[PDB]
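Engineer: For reference, the chains in residue letters:
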Amino acid sequence: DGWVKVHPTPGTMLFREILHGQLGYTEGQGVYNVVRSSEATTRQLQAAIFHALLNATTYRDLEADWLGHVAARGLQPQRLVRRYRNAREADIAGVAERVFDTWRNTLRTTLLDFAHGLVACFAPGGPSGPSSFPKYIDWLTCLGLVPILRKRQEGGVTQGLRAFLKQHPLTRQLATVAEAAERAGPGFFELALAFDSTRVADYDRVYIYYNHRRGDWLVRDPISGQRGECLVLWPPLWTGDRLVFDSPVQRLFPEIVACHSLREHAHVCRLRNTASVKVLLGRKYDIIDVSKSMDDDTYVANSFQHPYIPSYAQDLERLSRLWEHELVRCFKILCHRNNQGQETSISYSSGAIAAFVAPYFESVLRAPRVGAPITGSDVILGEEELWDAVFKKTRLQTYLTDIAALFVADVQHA
Amino acid sequence: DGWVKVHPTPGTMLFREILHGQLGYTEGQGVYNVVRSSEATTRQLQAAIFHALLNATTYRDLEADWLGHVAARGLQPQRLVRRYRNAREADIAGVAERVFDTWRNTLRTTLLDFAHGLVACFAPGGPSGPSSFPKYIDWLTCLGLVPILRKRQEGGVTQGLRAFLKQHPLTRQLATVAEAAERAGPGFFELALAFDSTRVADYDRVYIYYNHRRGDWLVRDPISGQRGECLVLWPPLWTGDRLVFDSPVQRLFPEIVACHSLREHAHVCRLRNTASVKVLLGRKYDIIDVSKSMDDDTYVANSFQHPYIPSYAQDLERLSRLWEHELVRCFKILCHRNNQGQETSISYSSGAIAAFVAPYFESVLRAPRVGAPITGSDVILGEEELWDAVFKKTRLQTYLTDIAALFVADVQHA
Amino acid sequence: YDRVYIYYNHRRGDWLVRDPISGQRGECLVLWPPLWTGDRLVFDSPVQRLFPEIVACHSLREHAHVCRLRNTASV
Numbered sequence: 024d025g026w027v029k030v031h032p033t034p035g036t037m038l039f040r041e042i043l044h045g046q047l048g049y050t051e052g053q054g055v056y057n058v059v060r061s062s063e064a065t066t067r068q069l070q071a072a073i074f075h076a077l078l079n080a081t082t083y084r085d086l087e088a089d090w091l092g093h094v095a096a097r098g099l100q101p102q103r104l105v106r107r108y109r110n111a112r113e114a115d116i117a118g119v120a121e122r123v124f125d126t127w128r129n130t131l132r133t134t135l136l137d138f139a140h141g142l143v144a145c146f147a148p149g150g151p152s153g154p155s156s157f158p159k160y161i162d163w164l165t166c167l168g169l170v171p172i173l174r175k176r177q178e179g180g181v182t183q184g185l186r187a188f189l190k191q192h193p194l195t196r197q198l199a200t201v202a203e204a205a206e207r208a209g210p211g212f213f214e215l216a217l218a219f220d221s222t223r224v225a226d227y228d229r230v231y232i233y234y235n236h237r238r239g240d241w242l243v244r245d246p247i248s249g250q251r252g253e254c255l256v257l258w259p260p261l262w263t264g265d266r267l268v269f270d271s272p273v274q275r276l277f278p279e280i281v282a283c284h285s286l287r288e289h290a291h292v293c294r295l296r297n298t299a300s301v302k303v304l305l306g307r308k494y495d496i497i498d499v500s501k502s503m504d505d506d507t508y509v510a511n512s513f514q515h516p517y518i519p520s521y522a523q524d525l526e527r528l529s530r531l532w533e534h535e536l537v538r539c540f541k542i543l544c545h546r547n548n549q550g551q552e553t554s555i556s557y558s559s560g561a562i563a564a565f566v567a568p569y570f571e572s573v574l575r576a577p578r579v580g581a582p583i584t585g586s587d588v589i590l591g592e593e594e595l596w597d598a599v600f601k602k603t604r605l606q607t608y609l610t611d612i613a614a615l616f617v618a619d620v621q622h623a
Numbered sequence: 024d025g026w027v029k030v031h032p033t034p035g036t037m038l039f040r041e042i043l044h045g046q047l048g049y050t051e052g053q054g055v056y057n058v059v060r061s062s063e064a065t066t067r068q069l070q071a072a073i074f075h076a077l078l079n080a081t082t083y084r085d086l087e088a089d090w091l092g093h094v095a096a097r098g099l100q101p102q103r104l105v106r107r108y109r110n111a112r113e114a115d116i117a118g119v120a121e122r123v124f125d126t127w128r129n130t131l132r133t134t135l136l137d138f139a140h141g142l143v144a145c146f147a148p149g150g151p152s153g154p155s156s157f158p159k160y161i162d163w164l165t166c167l168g169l170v171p172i173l174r175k176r177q178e179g180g181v182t183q184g185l186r187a188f189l190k191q192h193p194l195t196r197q198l199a200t201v202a203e204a205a206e207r208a209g210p211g212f213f214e215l216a217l218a219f220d221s222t223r224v225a226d227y228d229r230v231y232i233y234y235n236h237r238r239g240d241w242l243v244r245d246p247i248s249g250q251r252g253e254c255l256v257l258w259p260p261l262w263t264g265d266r267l268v269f270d271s272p273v274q275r276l277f278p279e280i281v282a283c284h285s286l287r288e289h290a291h292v293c294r295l296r297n298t299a300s301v302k303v304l305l306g307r308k494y495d496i497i498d499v500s501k502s503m504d505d506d507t508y509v510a511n512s513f514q515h516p517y518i519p520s521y522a523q524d525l526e527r528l529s530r531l532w533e534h535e536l537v538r539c540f541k542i543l544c545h546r547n548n549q550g551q552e553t554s555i556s557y558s559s560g561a562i563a564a565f566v567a568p569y570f571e572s573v574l575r576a577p578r579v580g581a582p583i584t585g586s587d588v589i590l591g592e593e594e595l596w597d598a599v600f601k602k603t604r605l606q607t608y609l610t611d612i613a614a615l616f617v618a619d620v621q622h623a
Numbered sequence: 227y228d229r230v231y232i233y234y235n236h237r238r239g240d241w242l243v244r245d246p247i248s249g250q251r252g253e254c255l256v257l258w259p260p261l262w263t264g265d266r267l268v269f270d271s272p273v274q275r276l277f278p279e280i281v282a283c284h285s286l287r288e289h290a291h292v293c294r295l296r297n298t299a300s301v
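Going down the list, the protein sequences come from chains d, c and a. Those letters in the first sequence? Residues 24 to 27, 29 to 308, 494 to 623, per the deposited numbering, in order. Those letters in the second sequence? Residues 24 to 27, 29 to 308, 494 to 623, per the deposited numbering, in order. Those letters in the third sequence? Residues 227 to 301, per the deposited numbering, in order.
One chain only, chain d, in its complex shape:
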């Protein structure tokens, strides 16, 4: 009733084949490899987890832990001052600030270890398997659509979380991390459930049907008999006779076809010209041409030779430049070049992550709030740098300084 088949057509198969370089290849196309990188997704995962865990810190809990450690070490400031029998403010101030600094950086290391354990638990299920990011990105590149199949289930990620959190010894030693983990735990459980639920359709096993009268989609798995959903970022066009996509491969398609045809014709012409001497036969290493087959009351009046051979270097170079420029502009990639003109590194710009990573989470993953998205510089840096940067600004440092200021000032003012 107005429906038409879309995906199993050979056109999309040819698109995917040209993505793998089945015909033609240029170094400009090589920039596509960084477009499939999962660095941004992992950065977003760890930043969101860091924000979630650290915002659960309690001022009272950390004050209780600090006073418990103080009692355990017996470092009562009045007792230390009386034992030292001096009014040297600088000495006791240095001692107190150093002790608080050692407590703060041991807390930092413990929190870093626990967060690293959590993010390592979450890491494997992101890139490979369910919600595979490269599959989403090459779906958007090939056609501009992201088919999805949803099903509520318990997955291996939840099993890993369960096998991780309970037996972790850090809950027994540090109380504050225990309360922080337990109060936010259902959020991580829901995140794991969302990870399991979302499955991205495999390219060669999914069928897409579109109806043009009303403009609605239908996606189903021929083998599993499961109905899914269709998500579109930039919609296609329906001319009435053929559905015309608007993906970058669609735009690039005619030029690659022309270049490949030219290269094939050049090869065919080159193969013919292997001969050295040619002759002709007519009525009154070597190749003989015989016109006697078609001689019928005829006679040769003249003959000509023109050994053409096509050239294709500039066309390949232009195709490489076009590939590079299109892939740079479409995905808003960021390029770094030095004074002499040498390329140094390729990284995602802030626009790229804001335009692709965030909608991925909000629609393909259906994940809850992810907090403030990272900046373009953060993805370049390392995990420890991101951890320190987020730790400095956020809530925990304010409580830490709040404790430190009064704890220090009390002993010297006394």
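A hint or two may mislead.
[What the hints assert, rightly or not] Cut-off 30 Å, straight-line C-alpha distance, at most; resulting in silico cross-link-like pairs (DSS-like, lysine-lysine):
1. c:175 / c:190
2. c:308 / d:308
3. d:190 / c:602
4. c:302 / d:302
5. d:601 / c:602
6. d:302 / d:501
7. c:190 / c:601
8. d:302 / c:501
9. d:602 / c:601
10. c:308 / d:501
11. c:501 / d:308
12. c:602 / d:602
13. d:302 / c:308
14. d:501 / c:302
15. c:29 / c:175
16. d:601 / c:601
17. d:501 / c:501
18. d:29 / d:175
19. d:541 / d:602
20. d:190 / d:175
21. d:601 / d:190
22. d:308 / c:302
23. c:501 / c:302
What the hints contain is simulated information worked out from the structure, not anything from laboratory work.
Put chains c and a on the given structure of chain d with help from the hints.
Structural biologist: Below, chains c and a alone, put in the same frame as chain d:
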């Protein structure tokens, strides 16, 4: 029932051949050699072992050892101050600082020697043989798969560890070293067991089967009859007739074939052209072309000479550049180049380790914990620099400074 | 180099090195392993990689010399 062979087909054998330069070779392909480097894995082992050793330190045990050394040297602050008979606190402060600093660097030398022995114990078995890193890399490059055969058994690595730890007299001298080694012992045994258990399949024997109807793999050893696991990083695609892999060699395949065919055609055309003078005969150093063989009731009309010779400089240069660019972008390698654009060294970037080294440990080797991944700068630096860097920021330095300041206060008030 | 004898087996994958004259049995160590492709063996040494190009270059030089010698005549 839907199964089909994957590896024994001549395509993968041709891929492995083309890596070894069986056909064609260019300067760009040479950058593959630095990819197979084992420096990153060894640096990761060093960092992991250093972290696993240092965290086992005990503040009480370190204090006990320091006070025992002080008592052995008779460095009682009260007695030494009474002997000096002067009010110069600077002298006693400097003496205490120097003595504790020599204790510091003696502890550091002992720790680094023991750690170097331990890492040397794990050094040979890791990157080569069982769980050999270059085989993992060239499996990823050839196909995108990493066949694995697993078996739980004791290995020579554990034998070396056993020959090391209890035969090391360092435990009898320093209490802290013995206590830390005893605490961290089981983890190293688990690491050795993980090293021995994992075996990477060899290219010439193992067989892998695929089935698209349900998307499953089957890997087995034809001779030993052992069944294993099939790991995939970037999956392939099934287009009915064939299975187009998504490895870099697969992308590069058509261009190399075209270049090699052109070189062969150029050679065969060049060999023919060695003649200087050529003549032809017909019915009424030297080469004679007898057209009389087919000259029957036929008569010549004209003759031609077009001595073509193909050239291949441009294709070779482009292939070299394409090889270099593809290998640089695919594995996220990093280059260092100076003012005039000439390179000086090749390094293993942070993205490279984060995308290859870590999943290798987590899946191929099934390591329990690797700690915080190193930065891209650490692989450049030497072992001693890495040890010194990891020593400074960690718990043992905190304990060391805590002891130092309290001892300085005690000696200055004494 | 010119004395030692090296034997290899493909089904089990083991080596055997012995001195033909002294009769002494030794030990075989490998850094990067070779490859077994049926009725052939392919090493992975740098010279092995460089081999297919040097042969072509030497053949080209030989053919150039052969052609040069012929053209010494004037008429």
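Engineer: Take the hints in turn and mark each one as holding or not.
Structural biologist: Evaluated hints:
1. The hinted pair formed by residue 175 (chain c) and residue 190 (chain c) meets the criterion: a straight-line CA distance of about 27 Å does not exceed 30 Å.
2. Only pairs whose Cα atoms come within 30 Å are accepted, and residue 308 (chain c) paired with residue 308 (chain d) is accepted, the gap being roughly 13 Å.
3. Between the alpha carbons of residue 190 (chain d) and residue 602 (chain c) the distance comes to roughly 29 Å, so the proposed pair stays at or under 30 Å and holds.
4. Taking the CA atoms of residue 302 (chain c) and residue 302 (chain d), the gap is about 12 Å. The hint holds against a cut of 30 Å.
5. As the CA atoms of residue 601 (chain d) and residue 602 (chain c) are separated by approximately 17 Å, the hinted pair is consistent with the 30 Å bound.
6. Our distance criterion of 30 Å between C-alpha atoms is met by residue 302 (chain d) and residue 501 (chain d), whose separation comes to about 16 Å.
7. Note on residue 190 (chain c) and residue 601 (chain c): the hinted pairing holds, with a Cα-Cα distance of about 28 Å set against a maximum of 30 Å.
8. With a C-alpha separation of about 15 Å, the suggested pairing of residue 302 (chain d) with residue 501 (chain c) holds against the 30 Å cut-off.
9. Our distance criterion of 30 Å between C-alpha atoms is met by residue 602 (chain d) and residue 601 (chain c), whose separation comes to about 24 Å.
10. Between residue 308 (chain c) and residue 501 (chain d) the alpha-carbon distance is near 17 Å, which keeps this suggested pair within the 30 Å criterion.
11. Taking the CA atoms of residue 501 (chain c) and residue 308 (chain d), the gap is near 17 Å; set against the 30 Å cutoff, the hint holds.
12. For the given pair, residue 602 (chain c) sits about 21 Å from residue 602 (chain d) by alpha-carbon distance, which is consistent with the 30 Å threshold.
13. Of the pairs offered as hints, the one joining residue 302 (chain d) and residue 308 (chain c) holds, with about 19 Å between alpha carbons and a cut-off of 30 Å not exceeded.
14. With a C-alpha separation of about 25 Å, the suggested pairing of residue 501 (chain d) with residue 302 (chain c) holds against the 30 Å cut-off.
15. The straight-line distance between the Cα atoms of residue 29 (chain c) and residue 175 (chain c) is roughly 25 Å, inside the 30 Å bound, and the hint therefore holds.
16. For the proposed pair residue 601 (chain d) and residue 601 (chain c), the alpha carbon gap of about 21 Å is at most 30 Å, so the pair holds.
17. About 16 Å separates the Cα atoms of residue 501 (chain d) and residue 501 (chain c), which keeps this hinted pair within 30 Å; it holds.
18. Annotation: proposed proximity of residue 29 (chain d) to residue 175 (chain d) holds, straight-line Cα distance about 25 Å (limit 30 Å).
19. The suggested pairing of residue 541 (chain d) with residue 602 (chain d) holds, with an alpha-carbon distance near 29 Å, which does not exceed 30 Å.
20. In summary, the hint linking residue 190 (chain d) to residue 175 (chain d) is supported, as the alpha carbons are separated by about 27 Å, within the 30 Å threshold.
21. A distance of roughly 28 Å separates the Cα atoms of residue 601 (chain d) and residue 190 (chain d); the hinted pair therefore holds under the 30 Å criterion.
22. Taking the CA atoms of residue 308 (chain d) and residue 302 (chain c), the gap is about 26 Å. The hint holds against a cut of 30 Å.
23. Restraint check for residue 501 (chain c) and residue 302 (chain c): satisfied, since their Cα atoms lie roughly 16 Å apart, inside the 30 Å limit.
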